[PDB]
Each structure stands twice: as structure tokens, then as C-alpha cells.
Amino acid sequence: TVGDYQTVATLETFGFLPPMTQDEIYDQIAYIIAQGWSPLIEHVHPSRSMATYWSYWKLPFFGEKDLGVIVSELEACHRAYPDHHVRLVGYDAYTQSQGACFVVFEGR
Amino acid sequence: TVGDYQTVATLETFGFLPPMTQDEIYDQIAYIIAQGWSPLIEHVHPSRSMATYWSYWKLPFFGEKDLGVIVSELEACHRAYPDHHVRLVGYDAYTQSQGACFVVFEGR
Amino acid sequence: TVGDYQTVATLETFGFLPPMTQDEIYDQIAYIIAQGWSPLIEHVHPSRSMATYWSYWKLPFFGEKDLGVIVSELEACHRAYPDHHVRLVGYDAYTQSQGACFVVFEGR
Amino acid sequence: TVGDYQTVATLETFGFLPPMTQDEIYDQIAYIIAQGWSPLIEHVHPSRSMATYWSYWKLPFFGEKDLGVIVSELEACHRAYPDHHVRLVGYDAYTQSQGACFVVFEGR
Amino acid sequence: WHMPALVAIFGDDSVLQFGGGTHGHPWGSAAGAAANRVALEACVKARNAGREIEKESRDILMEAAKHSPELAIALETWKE
Numbered sequence: 006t007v008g009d010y011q012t013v014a015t016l017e018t019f020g021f022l023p024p025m026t027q028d029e030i031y032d033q034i035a036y037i038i039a040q041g042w043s044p045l046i047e048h049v050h051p052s053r054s055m056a057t058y059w060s061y062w063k064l065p066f067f068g069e070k071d072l073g074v075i076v077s078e079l080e081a082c083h084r085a086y087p088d089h090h091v092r093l094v095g096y097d098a099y100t101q102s103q104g105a106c107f108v109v110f111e112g113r
Numbered sequence: 006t007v008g009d010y011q012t013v014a015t016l017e018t019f020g021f022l023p024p025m026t027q028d029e030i031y032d033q034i035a036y037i038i039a040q041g042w043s044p045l046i047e048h049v050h051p052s053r054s055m056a057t058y059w060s061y062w063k064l065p066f067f068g069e070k071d072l073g074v075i076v077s078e079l080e081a082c083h084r085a086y087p088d089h090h091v092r093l094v095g096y097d098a099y100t101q102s103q104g105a106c107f108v109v110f111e112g113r
Numbered sequence: 006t007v008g009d010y011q012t013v014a015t016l017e018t019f020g021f022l023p024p025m026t027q028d029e030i031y032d033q034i035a036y037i038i039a040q041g042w043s044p045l046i047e048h049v050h051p052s053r054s055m056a057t058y059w060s061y062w063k064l065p066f067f068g069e070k071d072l073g074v075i076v077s078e079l080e081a082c083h084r085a086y087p088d089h090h091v092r093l094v095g096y097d098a099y100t101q102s103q104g105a106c107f108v109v110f111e112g113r
Numbered sequence: 006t007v008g009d010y011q012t013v014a015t016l017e018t019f020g021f022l023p024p025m026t027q028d029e030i031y032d033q034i035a036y037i038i039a040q041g042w043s044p045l046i047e048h049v050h051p052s053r054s055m056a057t058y059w060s061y062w063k064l065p066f067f068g069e070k071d072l073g074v075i076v077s078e079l080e081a082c083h084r085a086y087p088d089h090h091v092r093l094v095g096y097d098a099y100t101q102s103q104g105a106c107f108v109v110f111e112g113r
Numbered sequence: 377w378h379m380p381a382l383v384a385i386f387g388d389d390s391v392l393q394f395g396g397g398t399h400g401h402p403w404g405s406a407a408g409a410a411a412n413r414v415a416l417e418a419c420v421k422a423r424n425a426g427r428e429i430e431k432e433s434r435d436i437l438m439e440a441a442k443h444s445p446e447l448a449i450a451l452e453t454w455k456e
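Chains D, B, H, F and E, in that order, are what the protein sequence lines are.
At the far end of the first sequence sits residue 113, using PDB author numbering, and the numbering has no gaps.
At the far end of the second sequence sits residue 113, using PDB author numbering, and the numbering has no gaps.
At the far end of the third sequence sits residue 113, using PDB author numbering, and the numbering has no gaps.
At the far end of the fourth sequence sits residue 113, using PDB author numbering, and the numbering has no gaps.
At the far end of the fifth sequence sits residue 456, using PDB author numbering, and the numbering has no gaps.
Some clues are possibly wrong.
[What the hints assert, rightly or not] No farther apart than 25 Å at their CA atoms in a straight line, the calculated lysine-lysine pairs in the DSS-like style are these:
#: 1; chain 1: E; residue 1: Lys442; chain 2: E; residue 2: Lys455
#: 2; chain 1: D; residue 1: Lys63; chain 2: E; residue 2: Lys455
#: 3; chain 1: E; residue 1: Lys431; chain 2: E; residue 2: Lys442
#: 4; chain 1: E; residue 1: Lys455; chain 2: E; residue 2: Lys431
#: 5; chain 1: E; residue 1: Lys442; chain 2: D; residue 2: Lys63
[To be verified] Facing chain B, according to a computed beta carbon distance under 10 Å, are these residues of chain H, among others:
#: 6; residue: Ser60
#: 7; residue: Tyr61
#: 8; residue: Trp62
#: 9; residue: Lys63
#: 10; residue: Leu64
#: 11; residue: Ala81
#: 12; residue: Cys82
#: 13; residue: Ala85
None of these hints come from the bench; they were simulated from the model.
Heads up, the beta-carbon is just placed ideally off N, CA and C, and yes, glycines get one too.
Whenever a hint applies, use it, and build me the whole structure from the sequences.
Written as C-alpha cells, this is what we have:
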């Protein structure tokens, strides 16, 4: 029916686009490594999506220069908690802010 | 049993009486149009029926002088939302108030 | 097991006492009438037992000196609301207080 | 998943260690008696495990100088309340403090 | 490994505060706290059992790492 927009839930960013494909994740992680940021992955139950701090897994990948590990290490946290969100976070040491913060897996 | 009055739930207006017949809604719409007001339709789930603002369907009918479309648009709203209330409101522009606020359909 | 006294729920008074017998209620009603008080019957849904106001049934029996109607009217409130606490209340008009407030039926 | 530590709940003390065997309670009770304290047993439902005051069972064993009767009491409370925590506490009369406070049975 | 030395002489009305003991755990900062909390309560439970914590440090601390893998590596990093 048009036109009646129905309000939907989005996490922080990139929720209005279709679920991320594998090549898009590859480009995002390559960019995040090239910018020098520190990759970081979190996970919480969808009900606790409003919590200030999520659950680390396992430690921030401080200065990792390989993009083939995180994509395999992002699936590990997914199988470990198949009922949880999987977010990708980039850590900047000098400005102490995050230049990239988007969820990857919606939670089965 | 008489006389032991029991508390009953009513939305705001015209709910103490039996639900309006299609002829009565026709006359209500005719009155709203003849007063020069702007008909508009809303809908929410009955659990959040006490919310301050409802959800529009679809947009306000600024200065519509044809009353044959509202009667078919509320049924579209009712079918699209079989378990939601259907409110018909008359918008007055000069006084910035509402000339009438009465629930039409109670929600299956 | 003794001595193990467990906290139990009693409403206001006579709750520590097993349920009142029919002949006992006759004596309580006779005492209430002899003191000149006004009998009154109230009932509430047991989860709403904490409300400071119950529901009347039907109106206070002002100036009634016959005990043959109260028990039949006390039971009528029980048939009408078989999942409700039944209270018998005596009004004192001069002191604007209550001299007897006891639960007759525990609530099926 | 090594090493991925999950937030786990322990009551206050001795919870990070495996459940106490029958022989460990023997030595704990011997020690708490040897310190001159007064052993005391409590129990609550796991839902109200965060309450300030638990429920006594039954009274503190004031002037108790043998551990051979305490081992019998702890089972009676458990078989009376199979789905409740059992706390073994020691009362210090002089300092008004507690010398030992640890759950003995976790609650089925 | 200093838990039996800070419990046998500080009693029970003391607070133990670490500078790098908690955050210096290979499995993160969350596992660091589980490495000292398990080690602390083992020392107490050994003292209530009448054992000498300051004398039987190795045997009291080692038998807790069996049911606690975090201490199983915390004993290895801060060897000994």
C-alpha cells in the first residue's frame, strides 16, 4: 500500500540498506585497515541492544595488517553466539573516537 | 443485575453508544466537510490507544469536497490494519484546533 | 515443622482465624445493627486487594434494622462476582469512621 | 571458546569454587565453632536472592558447643524448602559482625 | 602467587588493590579478575580449614586452577 511508511528498527547505521555481502565486508575491512584504525568486534543479545557497552571478542585487533583473519574471526563469534548481534568497530588511538561503527550480522 | 453499574472502557467520544451505522458516518463526514474542516484518518494498536499522537493514513485531506473517498479509504485502513483503531478527525485551520474527534472502527 | 512460623497473608482482621461460620455472621450483623451503624457490602478483584477504595454493592444499607436481607444480599454479591473478596463494612455517621470491617468470604 | 570468559553469578563468597562436599562443611563448622561464634542458617528463594534480610531457620544456636548436631539441621531446611538457597552464617556477639557467610546448598 | 602472603598477615578486614595484576592477563581484563578472585577464596578456604596458606602456597593455589582454566594460565604467566 502507498503511501504509508511504517517505522522500523535500525541499530545505528547502514540498517536501511540490504544485508552486507561478502565483497562489501572485504572492502570495508580493507579500508579500515588502510586508515590505520584498530578493528574491534562486539556481540549482545538483540533485547540488550540499548546497552551502553557490548561484549568484547576477544581483544581489539591492535594494528593487524591482514584482512583474511578478521573475516574468519568474525564468523567465529557468530557461531559462538548465533542469537546475538555482530558489530564491527574501528578504534582510533590518537583522536580516541570511532571512525567506523556498523553491525554486520542481524542475529539469527 | 440492577442496580450495580460496572466500569467500562471508552476511547473518548460516541463510544458509550452502539457503533455508528454507515448512514451515521456518512452524515458525520458531510457535517465535517460542510463546516469547512479537513478530514484525516489515524490508527494505532489498542494496547497503545492512550498515546498522544496516532499514526496517519495516509496524509491530511486539505480542502476535500468529495465525501465518497473517505468512506472507502477508512475501509482500506481497516483492512490493512485489522487489529487497529480507526479514528476520523476534522482539522480546523483558523483556530488551530480539532472540530471533531470520534473513533469510527473499534478494531477486530 | 516446629518451630518454623512462615509469613502468611491476612487482609486486615480475622485473617488469622479460620473462616467465620454462618451463625457467627448472624451475631456480627446483630451487633452492627445494635450499635446503630450502617452495613455496607464491598468487593474487589483479589489482585487489586491493595486499593484503598473497593466497589460498592450496591448502595449502603442506611437505617436498616433487619438482618434477614444482609446475608441474602451478601451472597448475591458473591454470585455476581465469584472471584472477589466479600467485605462487610459498618458506617458510623457521627464519628465518620468505621467500627467493623471484616472479610466474610475469602474469595473462590 | 578459549579464552572467552562469560559473566557468571556467584552469591557473595566461595561461589567461584566448586560446590562444597560434606567433609568441607565439617571443617568449616568446626572452625566457626572454635572461633566462638554462633552458627545460624538462613534460606530464601533464588528470585529474592538480592534481598537484605533472609529467612531464619530457626533461631541462632546460642551456646552450642558441638558440630555433631548442626549437620542434621542443615538437611531439614533443605528438605522443607527444596527450591531455596541455604546460607550458613556465623554471628559474633561482641563485634556485632559476621565471621563467615557462604551458601551451602545452591537451591534445586 | 602473593595471595597467601597478603591473607595470612592482613587478616580479613583488608582490601587488596592491584596495579597491573588484573589488566596484565593474556585473556583480557575480565579473565584477570577471575584469576585473583579464585586465588583469593582458595586461600581463605584453606585458612578456615586450618591449613597454613603461607606455607602451602603452591598446593593451595594449584588445586583451584583445575576447576578454573583462567588461573591455569595465570599461574603460568606469573611463574612462579
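Hint by hint, here is what the structure shows:
1. Taken as a hint, the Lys442 of chain E and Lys455 of chain E pair is honoured in the structure, with Cα atoms around 17 Å apart against an allowance of 25 Å.
2. Using a Cα cut-off of 25 Å, the hinted pair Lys63 of chain D and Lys455 of chain E holds, with the two alpha carbons roughly 24 Å apart.
3. With a C-alpha separation of about 20 Å, the suggested pair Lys431 of chain E and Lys442 of chain E falls inside the 25 Å cut-off, and the hint holds.
4. A C-alpha spacing of about 17 Å is found between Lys455 of chain E and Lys431 of chain E, which places the hinted pair at or below 25 Å, so the restraint holds.
5. For a cut-off of 25 Å, the pair hint linking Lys442 of chain E to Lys63 of chain D stands: about 23 Å separates their Cα positions.
6. Against a cut-off of 10 Å between C-beta atoms, the interface hint on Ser60 of chain H holds, since the closest Cβ of chain B lies about 8 Å away.
7. The criterion of a C-beta within 10 Å of any C-beta in chain B is met by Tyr61 of chain H, whose closest approach is roughly 8 Å, and the hint holds.
8. With 10 Å as the threshold, the beta carbon of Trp62 of chain H comes within range of chain B, its nearest partner Cβ sitting at about 6 Å, so the hint holds.
9. Interface restraint check: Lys63 of chain H against chain B, minimum CB-CB distance 5 Å, threshold 10 Å, status holds.
10. Contact between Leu64 of chain H and chain B, as hinted, is supported at the beta carbon level, the nearest pair being about 8 Å apart and thus within 10 Å.
11. The interface hint given for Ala81 of chain H holds, since its Cβ lies 8 Å from the closest Cβ of chain B, which is under the 10 Å cut-off.
12. About 8 Å separates the beta-carbon of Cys82 of chain H from the nearest beta-carbon of chain B, less than 10 Å, and the hint is met.
13. Among the interface hints, the one on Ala85 of chain H holds; its C-beta lies about 6 Å from the nearest C-beta in chain B, closer than the 10 Å criterion.
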